[PDB]
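Novice: Single-letter residue listing:
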Amino acid sequence: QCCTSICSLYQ
Amino acid sequence: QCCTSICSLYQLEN
Amino acid sequence: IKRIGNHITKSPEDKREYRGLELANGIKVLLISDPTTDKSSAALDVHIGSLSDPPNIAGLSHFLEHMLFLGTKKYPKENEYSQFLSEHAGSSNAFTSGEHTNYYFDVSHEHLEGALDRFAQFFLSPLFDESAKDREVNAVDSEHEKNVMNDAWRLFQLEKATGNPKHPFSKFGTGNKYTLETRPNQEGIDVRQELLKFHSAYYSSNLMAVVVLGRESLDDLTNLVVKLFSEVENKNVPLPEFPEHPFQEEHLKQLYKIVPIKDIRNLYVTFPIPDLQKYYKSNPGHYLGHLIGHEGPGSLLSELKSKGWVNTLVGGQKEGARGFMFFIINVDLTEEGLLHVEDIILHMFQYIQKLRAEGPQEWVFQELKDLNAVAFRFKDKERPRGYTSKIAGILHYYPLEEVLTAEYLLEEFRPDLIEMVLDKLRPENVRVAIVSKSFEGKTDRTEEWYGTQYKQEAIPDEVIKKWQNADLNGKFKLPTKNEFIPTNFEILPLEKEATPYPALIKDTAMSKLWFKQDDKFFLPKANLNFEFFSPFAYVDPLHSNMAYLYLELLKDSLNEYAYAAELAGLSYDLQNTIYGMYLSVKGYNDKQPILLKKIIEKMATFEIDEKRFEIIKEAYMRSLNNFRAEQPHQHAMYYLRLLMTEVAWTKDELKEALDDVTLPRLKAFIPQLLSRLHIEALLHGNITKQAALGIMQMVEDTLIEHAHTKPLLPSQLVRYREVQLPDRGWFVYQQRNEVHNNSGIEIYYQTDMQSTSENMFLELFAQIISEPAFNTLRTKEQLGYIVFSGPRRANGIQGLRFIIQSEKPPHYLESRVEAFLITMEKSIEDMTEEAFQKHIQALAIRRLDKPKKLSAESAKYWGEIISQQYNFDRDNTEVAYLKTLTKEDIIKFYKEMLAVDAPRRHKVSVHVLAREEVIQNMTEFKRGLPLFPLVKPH
Amino acid sequence: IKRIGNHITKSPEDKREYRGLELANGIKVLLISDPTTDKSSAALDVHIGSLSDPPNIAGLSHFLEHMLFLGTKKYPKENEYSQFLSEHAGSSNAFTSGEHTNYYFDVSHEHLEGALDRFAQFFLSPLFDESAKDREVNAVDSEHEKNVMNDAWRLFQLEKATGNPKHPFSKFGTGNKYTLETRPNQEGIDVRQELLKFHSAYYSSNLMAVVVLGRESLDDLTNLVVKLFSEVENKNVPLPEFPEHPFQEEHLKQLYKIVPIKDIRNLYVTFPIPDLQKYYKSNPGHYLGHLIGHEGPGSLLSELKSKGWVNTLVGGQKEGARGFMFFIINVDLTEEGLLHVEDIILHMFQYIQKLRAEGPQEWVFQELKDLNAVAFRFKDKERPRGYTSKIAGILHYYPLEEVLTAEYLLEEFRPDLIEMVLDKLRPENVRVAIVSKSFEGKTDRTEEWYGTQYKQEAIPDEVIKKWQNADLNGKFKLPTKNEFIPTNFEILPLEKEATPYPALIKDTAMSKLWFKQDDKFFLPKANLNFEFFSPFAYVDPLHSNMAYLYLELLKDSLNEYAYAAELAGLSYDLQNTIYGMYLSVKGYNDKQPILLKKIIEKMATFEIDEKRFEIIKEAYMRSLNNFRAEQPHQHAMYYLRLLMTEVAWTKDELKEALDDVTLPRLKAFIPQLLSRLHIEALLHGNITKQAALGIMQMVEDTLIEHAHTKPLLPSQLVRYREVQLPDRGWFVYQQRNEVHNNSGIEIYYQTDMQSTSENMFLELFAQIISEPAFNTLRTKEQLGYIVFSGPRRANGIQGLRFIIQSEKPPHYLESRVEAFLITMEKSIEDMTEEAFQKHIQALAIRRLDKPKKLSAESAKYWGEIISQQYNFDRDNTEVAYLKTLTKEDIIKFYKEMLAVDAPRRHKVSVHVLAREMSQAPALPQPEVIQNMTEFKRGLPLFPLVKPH
Amino acid sequence: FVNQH
Amino acid sequence: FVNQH
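Residue numbers (the entry's author numbering), protein chains in the order written: chain a, 5 to 15; chain c, 5 to 18; chain B, 47 to 962, 990 to 1011; chain A, 47 to 963, 981 to 1011; chain d, 1 to 5; chain b, 1 to 5.
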């Protein structure tokens, strides 16, 4: 999944 | 109207 | 036919018309003609009481007065008097005292003429049929049986039957099945001939005076009573007089150790004196007992209360019969007041000695005369049912020209009378009586009728002679001039805010105010009402206990100052409610603000005495564990509220969480409770519109400056809702009473939330089946004495209820109620239009009237504001709706909400059993059911 | 078929057989077998980030990953990947890093071929079109437009900005419809050609690695991977990297001043260091992270606490691009902490020099290596989705043997690199960054991408030669020997009375228990948690505020003790709830008693340090008022749970009733809260039953001994209940978000209570619209980026809801929701039997699924024990009822409950609108709610749920 | 207080 | 605390 919520998820 | 605290009233109306 | 009469004395604030005169046979009549009234009444008193009952039958005046209402000669059906009476919006009632017997009724505007002719037939010629006698003996037995474990009756009959066993004062006034039914038919005496002798030879045209409250003129009512009451025959019966006392000086100086069933502690002191009934010009006894029973600086109750022996004191004249009167001083005892008895009585004779050394006073007589002068000049008019039997009861004692001023004015001062009646109060004339639970087992005598256990010990001569040593007076002194005596009395004129119903004049987050300057009565009086809503007062049983101890301790710490204002007509009540604190100050408009602001700045800035806190705490723990002895019809009403309300704390949890109440715990509770609170108020009657604003502003100002009270945010002005029962659902809650041998019940039909069309469905059905319910349960089925049927208004949800206690099993007793509902299902449909119109008329007479007492206008405007309903004009709109209902609509209401096979039926029942689906626990009950909404404010 | 691994390092706790290999075109392939899995999965990681975007068009890599999900030539349908994956209990998701891009999914029991072959075409051959590229950039625009107010992103891009503007690090990753659409057609640059050139240039090469978590064998799936991934052909693309760190010495030793939107106060101290990913055996950065960022007695944080400057501080070393890497000491600040920034950084270099004089320590290395070895050996089970994405995401760096043992095993302690990185921490390498809202009018420069403001205060050499001049010590010290390290690792045997579900063992008017010895997992660790009740905890806002203040100061005064427990593997958590407070202690089996005991005796016998209370009071008063700066749909989800309950207090009640909390009031509040209470708890894991009763016994006996605790009455053990909406009722009320330029809405359809025959109606209807709601409301109609629709269960009462936030006015959204309802039910009545049984099987696989981690079943037991239903077997009987349902059953559920003409229709709506703000049916006139309590005064309340 | 008969 | 990031 995304790391540290600083990346950009699709959904 | 039952002047005394003791009451011998025919019926109790509430 | 007589032509007597003169100007009856009245108040100059009165507008009623009066006329008194006798008849040719000897009946006195007082005629009251009031054209404004809405109901009408007539009453009379027979000077024969239960004191002259035949010796063989223990009580025949009471059984006669129960048997009098049934079966007049001219109207021979059994229920006829109360069926003509209840359909015309009236309900009669009567009683029987030791020396008197009243008979009073009430009726609507015009049916007096068709009501006196059913009422004079109790005196002309009754039937006394035996089939309506074998039913009434059981009703008098169920009247007696509920008073067997009542302490104010046990002490009454032990007061009577300890004295002279030859004197007629020691007789038994009520009757059970033993003395009425069982004893005579064993011995062979017919009770029917004893009723005929006792009514025909001993019950006469003398010893009988009538009164009527009509709307017809002077002249058309005089001939009415002459036409109807001239047939009563005269016998010249002598008055049942006797000049001697029942205490012949061998029944003196003794001590009665009495064992109660309720955990109480009292001290009864009794002094016999001769009659001062002829002495109502000076009235010495009221003077003397006024100086004995006074709560003020340097008084008897102040000195005994200051050392923790007593909680309360009552002193005055306990009248007995003609020939003798008693003089009593009665105190309450604490844990250590029970074993300092002779020092208490030594203080009582010390204060009587101080009244002997000071002698009589004249300024106290002048003050007591002026207080009754202003208490008579501004006199509130009483309800018609009860004002007639009062002045028919006291009509036997006074002349016709002074009847209303009988106990309200005083003549010239007589000091020697007070000196003689004070000299009767001697230590050799004492009759001490002790009531305590601690005497259990040590008692060796039993009262014949109530079973009370008493031990008689003559008091030693060392204590009587040390009571004659009572001259060390110390701190006891006569009361001073009162300052709450009003001198200012004017009406204020009607301002341009002339409203018939009170409206808002202030709406803050801190307060809220309603105001009606009174326009009807024009009296210099005022009602003030308050509610201090607080979200802490009912959170936990510990917080309910600390609230109740705060309120009670505040009322105890203020009586020292309040009793000088209670005598002058300034009456205040402070009580705790599930929402917060209720305050209500009423009386004359002169000294309202002084008493109100003293209550406020004693309620906010308040400290505690340790000794007083312990006495109040033990007294309320006693009053909590004491409720277990209560009538079985009242545990049921206690249980219905326990189950229906959202959250409620029982008596069992309050007394268990009362153990953890300490002074450090209570000391920080009061600033927590009154930290943040919302006030809602009502005040009306002879106030300037701005003086209402002032009287709220100085209240919230004093509270906010002495207690730092902050406003309460409106998300916390919440009120409790009611449990919603499922449709076609029947619930049963059983419980056991321990003290009384009777079984109680309360049946409840939930119906629906309050509305204009629901309230009139329910009240019109409750008006249909009320008098048939009384008739067919108590007159024919002989279930019990107490029986009641009506609406139940709680939390904005309506209901129909049945409250009956009886000797029978309650599961048997419910089926009689359901068969009654089937019988009145059949009777309500097979019914005419005219009598349905009568039934829908008498409700439109009971609901649409006008109360004469101003406190009843306050008791309905406030009684509706605290419901959060605000519908000040329910009477007019709702009774207007009532005139449109038809018998078809009531069968819709019945077959849907009350029939045994109805779809929407809400049934819940409790049972209180005798000492000799189902609801197991109320949290799992109220957890699984939904809750009703709250009512929308008008 | 180039390279095959023989056997790799695995922890002896696992059972999953592994295999690594490498294909002919250079793909690193890892194979995972599991015989008892229930959701198989796979993933892929192309080693291309957003740092390879062309300079003209910004955020191409993210737009490409975002466009690749839609459309291939071997599956030309727009949603066939998502539709087939959602028919089979699966879900797909993806993201882009600065260096690589992860693609991963999960799928049902055996549907490996039908979703892996769909996932392979992803790179085998993709096809785009005009439509998709035209309506997809709007979703990427909503993506950036929700993050234009996010201070975790504004600070990130402002670190990207003030560097070397010729460096590829100073690039934008997302695209805002302007660099994607408006700029390229402003100058005529095509986009589809840029996407086909980007993909055919970068993605198809050797760079990507794959992993697949299979059920069947380690030879059944080696062939399956070889056939699917053989096609993608090596283009011999070398890895993009750059040895030059973006911070050149002109922009070193500098101190910016940033103005945020949400009220915060922070201090960033940034150091640049060379790449240390090559040293993954000694790991010097974790050593210096353990020695700098360490709470406890006499350490860098605790002194700044003691001077009242610092709340907390996270140290460590922060990664960057392939060539370079950072090192950060990030601090937060108090009211008077911003006055003493030079003294804070002075103390930071005091502790640096005190760690530079003592020199490297071997016993710290041995301690850390023992702790990582024990933390690896009892590594818990992994969920197969998310796990394969991680181990495909780190497969590029390590050889085949230590693919698993990454940052767990350390071979050597070499002090030369410790000294190297400890020399690179010097105040000639500092870059300070201050964030404060006290800089409103002082900022000259502003950001173009996000729109933030900052400064250039280059530090004159006064404070540099105050930093490195004379640094002996403060009162700092090195951390001491750890005593919470575990030594007992013995699995207790299963006892005679072995139950599959937690059993009530103690039942008194003071407490109750729920106990189960662990039967499945056999790890020497056991979590245990508690729920204390008090009627005084939530009476008014003031009593709901002293609870948070007390609990917080308890957590503050105990971090000093228990940071070594959180470092050794014993974690606790203690927060408040509406009914009472809460406690949950988990970790290794040996030292739960010591820790729990110290927590209880610190709970009851609790004093208050006045200055700490006066700091935390303000740090909460500034945590209330920045609720206005947060997402619109969260204001919707806040307002709905405020209106649909019995009592709840707003964020406006508590900040008014914080003007009354004082030290003596709080100080008298704890004996009022802990006077009468009730405990409810489950104990789970590796513990015997006598020791379970002894543990909770010791707990309630300590509260008896120190707090004088009495039991609560059973008639005042109560919960809250839900308001009952009228039939055919339409309720709506709007509020306005102050700082976000978007609008938002949440709409609620309330059916009924929790039944065993009525949860499957709403659950199956929420599974039948899970894919089409996304598919027609986010993809086709492009209503925004936040689309969610599912069952909501509060207080037992179940409801179906819709969360959506957008640029559009909210009543437009509510109308197009109603249009989706009508089109949905029309699509329901047309569907065949086989698709209906496919949806029933998808719900019977999502819900009948065993949990892998032990805390994943402790949160299955506790989450229902706190709801007072106690139904542990509702996973079997409920789905056994789910198998017998007919097509008519769902239409009968729909018509009278959810339809527009329905008789039993309950609908409430929350509209959150902005700062300045295909055939819909006809909707009835709404009634608006202008007051919450007058709303909740005329409506009934539901009964509570009876326990099982 | 006075008994009041 | 250490920056796990």
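FYI, nobody ran anything at the bench for these hints, they're computed from the structure. For each residue, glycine too, the CB sits at the ideal point set by N, CA and C. Each hint should be verified, as a subset may be incorrect.
[To be verified] Derived DSBU-like pairs (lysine-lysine); straight-line CA-CA distance at most 35 Å:
1. B:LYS713 x A:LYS896
2. A:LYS938 x A:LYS896
3. B:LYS648 x A:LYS713
4. B:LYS601 x A:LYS713
5. A:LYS701 x B:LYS308
[Stated by the list, open to error] Computed from the model, here is a short list of chain A residues facing chain b with C-beta under 8 Å:
6. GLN232
7. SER328
8. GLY335
9. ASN357
10. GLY361
11. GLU365
12. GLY366
13. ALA367
14. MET371
15. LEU569
Novice: Flag every earlier hint the structure violates by its number, smallest first.
Specialist: Numbers 1, 5, 6, 7, 9, 12, 13, 14 and 15, in rising order.
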